[PDB]
Amino acid sequence: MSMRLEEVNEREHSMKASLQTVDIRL
Amino acid sequence: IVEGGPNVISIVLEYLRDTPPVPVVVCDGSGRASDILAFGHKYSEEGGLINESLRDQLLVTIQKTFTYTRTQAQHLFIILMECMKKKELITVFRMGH
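First to last, the protein sequences are chains D and A. Everything in the first sequence is counted per the entry's author numbering, starting at 1207 for the first residue and increasing by one. According to the entry's author numbering, the second sequence holds residues 303 to 398, 402 in order.
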């Protein structure tokens, strides 16, 4: 669960970066 | 250096080219300019060679996180590239023991 939480933290960091970039585009 | 305003970027340049040049460790996690120094240091190639995708990405995170004008965000990206160039003196404390 600790290593898979390291998955969820890194994956959602790309989700937060892509949502912020899409807000700049729109 | 932690957190740190717009001033700490010029402070990193003043300490990067110091007498003699001395290291500037930046602890991330706190945010603001220490995190753009870190997000540089992770993947900025030969320091000042931040590529084009990062150019727009770094300039979005500067113009959004600092809430500064777009000219100032580009200008702090240029001062960032100056500071990032000597990243061998830059160290990042990536917490997480």
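Do not rely on the hints blindly, as some may be mistaken.
To be verified - Derived DSSO-like pairs (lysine-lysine); straight-line CA-CA distance at most 30 Å: (1) A/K388 to A/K366; (2) A/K389 to D/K1222; (3) A/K366 to D/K1222; (4) D/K1222 to A/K387; (5) D/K1222 to A/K344; (6) A/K344 to A/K388; (7) A/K366 to A/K389.
Said to hold, decoys possible - Between beta-carbon pairs, the in silico distance windows are: (8) D/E1213 to A/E354: 22 to 30 Å; (9) A/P323 to D/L1211: 37 to 45 Å; (10) D/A1223 to A/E348: 41 to 49 Å; (11) D/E1212 to A/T369: 30 to 38 Å; (12) D/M1209 to A/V324: 13 to 21 Å; (13) A/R357 to D/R1210: 30 to 38 Å.
Hints listed in this document are in silico derivations from the structure and should not be mistaken for laboratory results. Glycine included, every Cβ here is placed at the ideal spot set by N, Cα and C.
**OP:** List, from low to high, the hint numbers that the structure doesn't satisfy.
**Re:** Per hint list: 10, 12 violated.
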